[PDB]
Amino acid sequence: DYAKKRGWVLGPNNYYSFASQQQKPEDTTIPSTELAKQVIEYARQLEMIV
Amino acid sequence: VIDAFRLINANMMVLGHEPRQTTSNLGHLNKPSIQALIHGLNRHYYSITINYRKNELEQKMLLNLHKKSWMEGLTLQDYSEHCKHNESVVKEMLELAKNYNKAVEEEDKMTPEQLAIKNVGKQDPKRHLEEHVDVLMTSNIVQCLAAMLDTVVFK
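Those protein sequences? They're chains V and E, same order as listed.
The opening position of the first sequence corresponds to residue 301 in the UniProt record's numbering, with each subsequent residue numbered one higher.
The opening position of the second sequence corresponds to residue 156 in the UniProt record's numbering, with each subsequent residue numbered one higher.
For the record, the hints were derived by calculation from the structure and aren't laboratory data.
You may find that some hints are simply not true.
[To be verified] Derived pair list, reagent style DSS-like, types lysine-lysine, alpha-carbon separation capped at 27 Å:
no.: 1; chain 1: E; residue 1: 222; chain 2: V; residue 2: 337
no.: 2; chain 1: E; residue 1: 281; chain 2: E; residue 2: 253
no.: 3; chain 1: V; residue 1: 337; chain 2: E; residue 2: 310
no.: 4; chain 1: E; residue 1: 186; chain 2: E; residue 2: 209
no.: 5; chain 1: E; residue 1: 223; chain 2: E; residue 2: 209
no.: 6; chain 1: E; residue 1: 223; chain 2: V; residue 2: 337
no.: 7; chain 1: E; residue 1: 310; chain 2: V; residue 2: 324
no.: 8; chain 1: E; residue 1: 277; chain 2: E; residue 2: 264
Next comes chain E alone, as it looks inside the complex:
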């Protein structure tokens, strides 16, 4: 949140403060707020529109401050922790699917408009399954792909 203000003359209200020869600083591109309209806003001063100018020297510098070098890209984590992590996720997925069975097979005939009102408690199947699908697949295929890259790049 940022704002820039320019003081206007409080002696001249009958005339126009800015003629607005175009539609740049207006309801265009921004709207005046409510709390600014209480303590002042278009009274005693006004607001101006901010844009950010970015030079190429800093433009091609700002977009690259998150990456790492090549040791991060080609690194298998460990296989013992990976096996234990997959074991833990499959182990909780067992009980989660066991709950999912009862959740599907109950499905009390009364329109979700209230089945979303008895879901607002602690109930959780059908929603944690696909998250576990994502964290299993996107952590297994990446590790297998990196294992292949490591085993045939170096030789």
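One chain only, chain V, in its complex shape:
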């Protein structure tokens, strides 16, 4: 029952198969356009007459 449950199957003297890890890809400069929105809003609060 535990040999057929999920990944990491076991039975022949060692438990092998179905490894699980991560790669972590990133760019991190994607919200730059979003940053533009933020900084323009700042000037927005600085420039409409109270």
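Using the hints provided, position chain E relative to the given structure of chain V.
Here is chain E on its own, set in the frame of chain V:
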């Protein structure tokens, strides 16, 4: 300062020089001065009202002699001088706010009608703060906005 004068006959004072069929050249739109009224003015001559006529060929030419082309609009100055400039402004803002603390906390109970009379000397807090706010913000947000424009326009 500009003026145009028209010589009137010095022999005819009893009659009217201009009938003024309307109210264009009068106390309307201009007033006679004092020094012109001393050396002559409405005596021996008179003044006339100047307006400027602008043709479209020069009209749409005169309003554009201050701008630059696209290298000026998209140019980050430098980051070393920008960091040093911000460091200097924050450094003087430290002592300026330290003076502002004593300026607020003193506030001698006697009505600004004389607190503006002891302010006429060399005293300067509450007045240089917001100028430093302006020169910090309008030089930082413009540079950050231009940095974003440069980093995602060209790619």
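| query | Looking back at the numbered hints, which does the structure fail to meet, lowest number first? | reply | none
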